[PDB]
Amino acid sequence: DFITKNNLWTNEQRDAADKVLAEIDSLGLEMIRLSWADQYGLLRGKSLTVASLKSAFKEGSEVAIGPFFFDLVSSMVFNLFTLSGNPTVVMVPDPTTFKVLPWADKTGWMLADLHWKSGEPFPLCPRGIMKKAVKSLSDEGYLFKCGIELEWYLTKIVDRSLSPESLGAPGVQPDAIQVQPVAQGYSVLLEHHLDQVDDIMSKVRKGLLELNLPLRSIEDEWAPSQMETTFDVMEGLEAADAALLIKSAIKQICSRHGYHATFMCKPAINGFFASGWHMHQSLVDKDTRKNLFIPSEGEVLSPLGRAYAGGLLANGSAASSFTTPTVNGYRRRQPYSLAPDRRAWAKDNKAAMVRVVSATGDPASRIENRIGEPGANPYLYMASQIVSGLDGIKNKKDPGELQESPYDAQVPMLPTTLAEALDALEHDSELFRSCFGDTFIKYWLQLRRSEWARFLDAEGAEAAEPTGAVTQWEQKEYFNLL
Amino acid sequence: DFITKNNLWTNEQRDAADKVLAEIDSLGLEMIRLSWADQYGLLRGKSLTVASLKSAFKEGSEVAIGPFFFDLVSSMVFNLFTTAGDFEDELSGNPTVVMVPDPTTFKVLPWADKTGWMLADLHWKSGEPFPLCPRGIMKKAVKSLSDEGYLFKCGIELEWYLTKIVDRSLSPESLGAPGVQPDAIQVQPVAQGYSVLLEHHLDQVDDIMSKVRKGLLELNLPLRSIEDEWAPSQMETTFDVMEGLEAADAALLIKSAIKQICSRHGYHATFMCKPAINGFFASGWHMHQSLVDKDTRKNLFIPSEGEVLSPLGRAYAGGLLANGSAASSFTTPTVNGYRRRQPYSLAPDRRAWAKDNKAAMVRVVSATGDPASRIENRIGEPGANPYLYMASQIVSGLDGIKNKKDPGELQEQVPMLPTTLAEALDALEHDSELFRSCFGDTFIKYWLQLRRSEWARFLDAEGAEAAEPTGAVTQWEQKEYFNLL
Ligand SMILES: [Mn+2]
Ligand SMILES: [Mn+2]
Ligand SMILES: [Mn+2]
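Going line by line, the protein sequences match chains A and X. Be aware that the first sequence starts at 1, since it is given in this note's numbering, and climbs by one per residue. Be aware that the second sequence starts at 1, since it is given in this note's numbering, and climbs by one per residue.
To be clear, the hints were calculated from the coordinates, so they are not data collected in a lab. Mixed in with the good hints there might be a few duds.
[Unchecked claim] Which chain X residues stay away from chain A? Per the calculated CB distances, all over 12 Å, these:
hint : residue
1    : 193
2    : 222
3    : 227
4    : 236
5    : 241
6    : 322
7    : 357
8    : 436
9    : 444
10   : 450
11   : 456
[As the list claims (entries may be wrong)] Simulated pairs of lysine-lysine, DSSO-like, Cα-Cα distance not exceeding 27 Å:
hint : chain 1 : residue 1 : chain 2 : residue 2
12   : X       : 294       : X       : 143
13   : A       : 106       : X       : 114
14   : X       : 54        : X       : 107
15   : X       : 5         : A       : 347
16   : X       : 153       : X       : 402
17   : X       : 139       : X       : 5
18   : X       : 125       : A       : 145
19   : X       : 211       : A       : 206
20   : A       : 251       : A       : 99
21   : X       : 58        : A       : 145
22   : X       : 54        : A       : 290
23   : A       : 145       : A       : 396
All C-beta atoms, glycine included, are put in the ideal place defined by N, C-alpha and C.
Throw the hints in and build the complete structure from the sequences for me.
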């Protein structure tokens with residue numbers, strides 16, 4: 001009993017486990033998927049039978065850490081045969097995360113944590129970085145509350161790009177899935193585009209509901225075939241696990257019915273505008289459970305929330321590779337685009353990095369950080385916000401002055417390439433090295449700089465210009481998987 | 001509770017929400033749409049979960065005002081990125097407003113999967129109503145009307161085209177860009193025409209037409225008639241009399257149901273006045289109107305012998321007429337709506353009153369002592385915004401009442417109506433006081449600002465000559481109104 005010997009379950013998780021086996025038995029489930037988010041947010045793991053799950057509930061399941069050392073295309077940034085080699089770690093199931101996948105045949109699903117065989121936590125496990133952030137927020141008196149609002153694209157699959165000629169090779173991107181848009185229209189919020197796409201959208205809507213996910217709204221975003229699904233507030237690690245499931249389920253559900261959902265920021269398809277992942281955040285007293293961001297008369301935020309906003313602004317440059325992991329996501333670093341090109345904050349202004357949604361006495365007063373990207377890793381994005389903010393609280397960082405025109409603000413600019421965001425983390429190594437782990441940032445810096453290098457040798461430096469056209473390297477790196 | 005705090009709900013609005021939630025539960029709905037009419041009459045909004053709509057019945061639901069500052073093809077008319085000091089004097093920014101659900105508008109949409117629908121009113125977070133909300137501008141007319149003792153009784157005669165879809169123009173090179181017109185949906189007529197009212201045309205199109213009829217009927221919309229119009233594939237669908245806000249709400253839902261149902265079975269319904277398709281003539285939205293006494297429920301237009309209308313109805317007609325050029329951009333908001341002059345037809349392009357003459361803007365239907373004595377405005381285009389069309393008639397007609405404006409002798413030197421949306425805006429600019437007073441002064445300057453840009457876009461596309469109303473429908477007009485209106 002690996003799990004019991006190393007004290008990896010709480011009584012809650014233990015009784016959870018007892019019940020997940022009871023649900024498996026009455027539901028007649030034949031497979032149970034066991035997954036974890038890699039460095040990119042992509043769900044990797046194994047599909048177990050129900051005899052093996054019951055054994056994994058004592059021993060765990062062995063997996064190699066090779067995904068962590070590969071890129072999206074499988075090039076070896078780190079040597080796997082010798083930050084090196086391919087040790088084999090234990091997948092430790094978290095029974096509290098179980099869900100009965102409704103688009104699959106008799107298949108359950110539940111997330112896994114990564115552990116060395118000694119029992120200590122694997123230091124690259126992105127979920128572990130969110131646990132670390134949530135634990136430190138619980139030691140300062142706060143619970144992290146997140147409203148998930150996801151902008152993504154919806155397309156019908158023309159060709160799945162399966163011919164041997166299209167398969168690529170480790171380091172050689174495969175062809176993008178061939179798609180076509182489902183609706184046109186730069187008319188935003190049009191009910192007619194909703195009813196047009198609801199043939200497929202009603203299947204995604206029904207799937208989110210069956211997962212007992214707290215779906216809030218389904219909206220026609222601005223661009224042709226661009227969509228917005230928002231969710232009610234969730235708390236802490238739970239919200240990250242839920243973003244994860246939300247993006248996986250949308251993609252899997254669409255594909256079963258012959259559609260392609262992508263969270264790639266800006267697909268290389270004419271008429272497609274950049275997608276954003278704005279992150280609605282507030283803090284709540286771990287005891288009192290009341291928004292500690294609520295302002296008074298004259299305030300747009302409580303002093304606490306003001307401090308949170310300061311560290312969100314202060315650290316957002318080092319944090320950019322986390323809020324915007326992808327190359328392609330930096331075409332959002334632009335003026336006059338409803339996206340943030342500089343560290344500005346404002347009450348009700350979409351051209352800002354931090355947007356305040358608040359009112360005097362309003363228990364829903366909160367911050368909207370808009371430097372986020374839809375394809376971000378939900379554990380690195382949200383822990384970014386937890387680490388960034390709690391720094392502002394701790395160091396009483398004034399956010400400065402609410403900006404009436406963020407695109408004229410003389411505030412510090414945000415990075416405009418993924419190279420720049422990596423540079424900014426190198427020269428502000430601390431805080432993220434104290435919180436994410438020194439080993440992680442060394443790893444993170446080395447791996448992501450390798451992918452920048454591949455974009456550069458494929459497209460050149462002048463293609464990196466954010467206003468530029470979306471390159472084919474972006475399409476054949478992010479469209480299929482993200 | 002946002003809605004109790006600013007008392008945005010009467011008790012009836014509260015006796016409804018309780019049963020709105022009750023049949024949501026009874027029927028097992030999973031989505032409720034919350035929609036609102038933008039400057040164009042086009043239904044914007046969100047689709048909310050049950051759990052989430054239960055919240056909006058207390059706190060509302062937020063939404064940006066971008067549609068109001070965007071064109072049909074989403075050019076940015078007003079700077080969206082600079083927050084405003086007095087928004088109503090600079091018109092800049094993307095403020096978040098609250099959508100206040102109105103339960104008296106609840107419907108289960110027949111053609112959709114387990115999905116409900118209601119209308120929302122746009123309010124500032126301050127609790128005070130947003131100054132451009134067209135449904136608010138209708139709410140205002142109905143008030144000033146009830147504050148003079150009258151209810152608005154409205155009869156709708158709505159013409160439109162029903163066509164089969166050949167291509168939805170979804171290829172990426174068709175999608176357009178912000179400010180760029182997307183390609184028009186490719187279509188095919190469904191019947192031949194130039195054989196007006198032909199029963200066999202009706203039976204010919206009833207495969208989908210019955211699906212529209214049935215959908216309108218399930219919505220409890222008071223459908224009066226379906227008729228076969230003159231031009232190929234042109235229909236007219238008329239409705240029984242409706243009152244005040246309900247008639248404009250229904251007008252909106254009428255067009256919404258008609259387009260959504262047709263598209264769901266692969267047809268394209270369009271309220272474009274005159275599509276750029278061979279043989280298609282101009283479609284109209286005629287509005288019969290009368291005033292009733294708000295306490296006796298009785299038609300105040302009914303004429304005695306000697307006069308064609310009562311002196312109340314006669315005054316209204318004068319207010320309909322003396323502001324008709326000003327109001328033109330609210331009864332005929334599209335460039336396309338002015339193409340109405342053709343070699344085989346008569347357009348109501350005269351600002352005049354008549355019983356038989358088809359060129360007069362208003363037709364009178366009145367026999368002595370007849371309880372259905374009324375007037376009929378005919379400059380209405382079908383792709384018109386219902387709130388602003390109806391409120392333009394109440395506002396025009398109340399002027400004539402309060403000022404005893406004389407319409408003059410029935411015309412079978414006739415003053416003419418604006419021939420273009422440019423001229424229509426010229427007319428409103430130079431005679432703005434009554435609309436600035438009753439529609440809001442910020443709305444009128446926002447309206448003239450928005451549409452004058454829509455005209456320069458059209459002019460920049462096809463040139464001054466093709467802008468002439470007599471001329472053929474250009475490609476700018478097709479790619480501006482065909483798909484959305
Ligand atoms: Mn959005
Ligand atoms: Mn007719
Ligand atoms: Mn008529």
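Hint check results:
1. 193: Residue 193 of chain X clear of chain A: closest Cβ-Cβ about 27 Å, beyond 12 Å.
2. 222: Non-interface label on residue 222 of chain X holds, nearest chain A Cβ at 22 Å vs cutoff 12 Å.
3. 227: Nearest chain A Cβ is 25 Å from residue 227 of chain X, so the label holds.
4. 236: holds, 22 Å
5. 241: holds, 27 Å
6. 322: About 36 Å separates residue 322 of chain X from the closest Cβ of chain A, which puts it past 12 Å; holds.
7. 357: Given a closest Cβ separation of 38 Å, the condition holds.
8. 436: Residue 436 of chain X clear of chain A: closest Cβ-Cβ about 27 Å, beyond 12 Å.
9. 444: The claim holds: residue 444 of chain X sits with its nearest Cβ about 24 Å from chain A, beyond 12 Å.
10. 450: holds, 15 Å
11. 456: Holds, since 19 Å exceeds 12 Å.
12. X:294 to X:143: holds, 12 Å
13. A:106 to X:114: holds, 26 Å
14. X:54 to X:107: holds, 16 Å
15. X:5 to A:347: Holds, at about 23 Å.
16. X:153 to X:402: holds, 19 Å
17. X:139 to X:5: holds, 21 Å
18. X:125 to A:145: Status holds; Cα separation ~23 Å.
19. X:211 to A:206: With a Cα-Cα distance of about 26 Å, the restraint between residue 211 of chain X and residue 206 of chain A holds, given a limit of 27 Å.
20. A:251 to A:99: holds, 16 Å
21. X:58 to A:145: Within the cut-off at roughly 21 Å; holds.
22. X:54 to A:290: This hinted pair holds, its Cα atoms lying about 21 Å apart.
23. A:145 to A:396: holds, 21 Å
Hint check: no violations occur; every hint is consistent with the structure.
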